[PDB]
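Chain by chain, the residues run as shown.
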Amino acid sequence: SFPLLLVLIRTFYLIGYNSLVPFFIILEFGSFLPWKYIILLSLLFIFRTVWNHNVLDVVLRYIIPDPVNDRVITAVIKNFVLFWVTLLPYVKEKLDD
Amino acid sequence: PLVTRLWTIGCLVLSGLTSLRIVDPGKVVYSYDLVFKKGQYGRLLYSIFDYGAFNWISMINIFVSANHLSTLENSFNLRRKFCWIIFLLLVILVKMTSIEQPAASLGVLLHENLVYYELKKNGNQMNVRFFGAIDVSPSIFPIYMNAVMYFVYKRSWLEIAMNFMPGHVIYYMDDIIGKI
Amino acid sequence: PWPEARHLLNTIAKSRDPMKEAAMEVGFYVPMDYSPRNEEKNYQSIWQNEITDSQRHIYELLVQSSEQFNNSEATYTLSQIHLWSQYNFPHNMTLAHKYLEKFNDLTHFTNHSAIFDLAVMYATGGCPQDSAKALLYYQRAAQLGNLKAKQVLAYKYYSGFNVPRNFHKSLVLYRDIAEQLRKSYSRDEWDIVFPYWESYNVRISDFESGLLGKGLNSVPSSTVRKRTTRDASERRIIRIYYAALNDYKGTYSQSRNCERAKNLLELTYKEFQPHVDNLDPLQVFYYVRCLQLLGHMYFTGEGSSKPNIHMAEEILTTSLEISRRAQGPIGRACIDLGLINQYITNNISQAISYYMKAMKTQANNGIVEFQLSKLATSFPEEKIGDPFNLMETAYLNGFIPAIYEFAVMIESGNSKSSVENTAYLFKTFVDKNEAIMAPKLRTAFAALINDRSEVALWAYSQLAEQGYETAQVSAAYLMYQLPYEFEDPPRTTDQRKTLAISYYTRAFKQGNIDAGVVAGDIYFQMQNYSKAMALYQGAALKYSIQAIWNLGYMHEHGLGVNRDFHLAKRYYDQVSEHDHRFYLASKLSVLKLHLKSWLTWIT
Amino acid sequence: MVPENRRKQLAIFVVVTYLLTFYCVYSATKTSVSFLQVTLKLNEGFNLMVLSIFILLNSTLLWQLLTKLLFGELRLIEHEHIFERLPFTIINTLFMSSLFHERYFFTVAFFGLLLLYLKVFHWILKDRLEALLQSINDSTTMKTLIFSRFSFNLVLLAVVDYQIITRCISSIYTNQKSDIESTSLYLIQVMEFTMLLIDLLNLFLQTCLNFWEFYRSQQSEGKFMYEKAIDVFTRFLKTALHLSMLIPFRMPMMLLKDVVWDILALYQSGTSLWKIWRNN
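Residue numbers (the deposited numbering), protein chains in the order written: chain D, 533 to 584, 745 to 789; chain C, 13 to 192; chain A, 26 to 50, 57 to 158, 168 to 270, 313 to 495, 497 to 686; chain B, 1 to 220, 265 to 324.
The shape of chain D in the complex, shown without the other chains:
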């Protein structure tokens, strides 16, 4: 299947309180379990003591508007270059913005 953690991490998104979710991230990244855990041992002993660009459209731009033109190959080309950057969410909604 997959690494036993991430699957359950995802399936939390359905029924359970998301409260249980973030701890697993520790279990994951802290899974590297450094003897820098002493840092975590420090860190938790610090926990305890808390008390006591528009150019992208120009990138989106294509030659000879409107899209009805015969160069649809150029259209899928440009949108493919965007597709390479369409991964990023932070600017995906910006595209949607």
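These are computed hints drawn from the structure, not numbers from a lab.
Incorrect hints may have been included.
Claimed, not checked - Chain A stretches covered by chain B per the calculated footprint, using a threshold of three residues with CB under 8 angstroms from any CB of chain B:
no.: 1; region: 245 to 254
no.: 2; region: 619 to 633
Claimed, not checked - Which chain A residues face chain B? A few, computed with CB under 8 angstroms, are given here:
no.: 3; residue: 565
no.: 4; residue: 567
no.: 5; residue: 568
no.: 6; residue: 569
no.: 7; residue: 664
no.: 8; residue: 665
no.: 9; residue: 667
no.: 10; residue: 668
Virtual Cβ for every residue (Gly too), placed ideally from N, Cα, C.
We have chain D already, so just place chains C, A and B on it with the hints.
Okay, now just chains C, A and B, sitting in the frame of chain D:
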């Protein structure tokens, strides 16, 4: 939901009889390329559902898949395009798997990519938002999932790429017509 | 000098009550402790940096006027300034004392207002107390013809506090006060329609957490009205109904406003009337509700110049027509129809009919039976119920004037005319008319929501003596709250505590429960350990959980009672038995008991 | 068993749970007045989950040390058998808990939990028995102290189950109250610990048989016959008690599943029966 439970019981009996040697595990591993030369269609049909072991890890994996299916299928009557897609989905992987024949089975790829597509579809829905610390939404995890998977578990680059790239092409073809 | 002084004073807007200024278009801060030095320094700072120069002129002129000359009209008003914290000056509790003393000297026991206030200040020892002078002043002010004085004497002779219990003299005072009050109301307001005044009889700390813990206290939270509440098509009539209501019965933070409600109802009636027939599913409900509300506002005259009788009549009859289908509620509508065709027009049988129609409905409070019995006693041949039973149900339901009428009807008749019941009826009436006796609650709350906390304690104190319980628990809560755990106790002067205990206790004997527990805790903190048990047991008799458990903890420790571990176990078994959610606590505490035992067994 | 990074994962789990539960206790403290309120506060959802996990963690730690006190250290084949058998058992337990909802939510857990640990012990003992079977040394006879230590573990578990069963029966007879579902619950725990006791009797008869064998070997048919006969005896008892106790419940599922695996064991019993009739 019915069809969900059909897929479920399929996975169950498949992996079960697999762990019991009631049927030969040799046939399931069969992916397309060997099949092209061999000419044996059915040796991928069963592969639609297989996970190998009938144990708790696999139990929960099947139930995760079932949860995503209860999320999606009953809500797929909304988006008819998934019918238009799955075959094409079932299509697109072929030349893609034409290099590696990943031991990741079909149904795995299929459902994980459907998750990816659903996440890209309603990405704006910040339907889970821990205020103050994790102010996030869908379409931020799956990259975190797969990329870091590559880092710590060190799978094959292109093989992992196959996990989602088809889904991204599908979403591309979805939004381009909305743009053109 | 005083003429120009008053001409000055006529300009500065004595007090601002944000509860009304917020009516054109939250919570508050209470302190936990006190310090006389901190108060004096606060006062010095306020006089140093806050006041304006013109006010400096005004105040110096006032002190020179009421000092060089015994003007007897700068003295009183300067007392009022310094005491009620008006004209934006600070609250000084000793200067008000001095100047009220000087006034009483000048006027030689002729003015009852200053006598009353001096009596309160000599009884609470704020300024030691001495009940003799307090009672002398109370009697003397009752001679002059005041009301609040008569009430406080009546109560003091009724709860047995500070004098022996006596129901008869109490009855005399209460009948006197009720007679005067009845003579204060006109013929219209009495029979026809009772004037509507907001109450601020809600005890404070009903806004914050609560008393003695959240979800743990027995007596029900009493804040009857605060911001009533419950995608385009439906929600419009909902929202408009809620705006109309939330500006008809004003809340505690913002007072009421009828004008805008009237205009808005007229607007929505005219705007929705032509095409009503399309709103069958749910919108006709709220629509007709608003319509009835508008009709009642027409019949009353609120937010306008004078009532519009006939228009209201058509509005209500059409409201009833539209309600006949969709079987909507008809309560207020039929009630006002009856009230109208009984006095406006003289056709009675229809009024009988309407009352009989609405008697069983939900929204009738008391008007139905009251008017009906007045009819029957005026018209005996109608064969409509019995005076006693009607009026009795009325009194039980809560209509005000019915209380007094029923009490008079029961005084002439035996009908179990014990002195207790008559005194109780008249005390309930006097207490509950509330519109002339105790308006000071309003002033108090207002002064509370803008950082002048002390004066709120003063006003609530002066109300304590008259008996309004909510005043009692409020003044207490303002003087000594329960401290959060693992934290120092308050730092107040002991005098404040020795008062707070008394207020709380009287609140208990009045009918509240939790106040007992808080009083017991005050003692247990001040280290008596002895009188606590009485209060705690009296509360246990009334099923107060925290009390019972606390009694347990009292037993199983060496204070007072001596290590009767058996009855300790019994009490914790009780706390688990009488209620459920405290299961874990009973258990774990018996466990601490078992552990103490088995561990000392080893030695 | 335990890899290195798994050991560090568990150190992390332990420390983070201690810190979470400490934080929740302190938080629910400094926003309260009297003990009783903080008791009503820990019962709130999130801190309830934290506290529950804390209970389970310290419980398994205690279990670990109790085991290390009883059985010393485990052997490999033991551990593989345990770790492979775990899931079917755990799912059986989750099946047991869910059959009653929130009403009987907590108590059953305790019962189930104990059951779980008990099963573990039994399993180890079985292989440990085989060990004594395998490594048996005729340098000395099975002296009363050797037999006494093996039977020490034995009678330890035996008195455990016996006391538990009888106490549950007494709680049945006492609690003839409106909550008959608690009656059926007690019957179920009875059935489970009964299966356990029957397993103990099986082991008891096997070891006493080997005892009589070696006794007569040192002083003075084919043992397989009596071995399998005892097997079928135990399983007949299993099925019989399964019927007699679950038929009262008329259970739609557990009754049926139990008796199904029972009749499969009975098919095996027929195998043994024909073996015996061959060897009669």
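Against the structure, the hints:
1. 245 to 254: holds (count 3)
2. 619 to 633: Satisfied; 4 residues make the cut.
3. 565: 5 angstroms, holds
4. 567: 7 angstroms, holds
5. 568: 6 angstroms, holds
6. 569: 6 angstroms, holds
7. 664: Since the shortest Cβ distance to chain B is 6 angstroms, the answer is holds.
8. 665: Where the cut-off is 8 angstroms and the nearest Cβ of chain B is about 6 angstroms from residue 665 (chain A), the hint holds.
9. 667: 5 angstroms, holds
10. 668: 4 angstroms, holds
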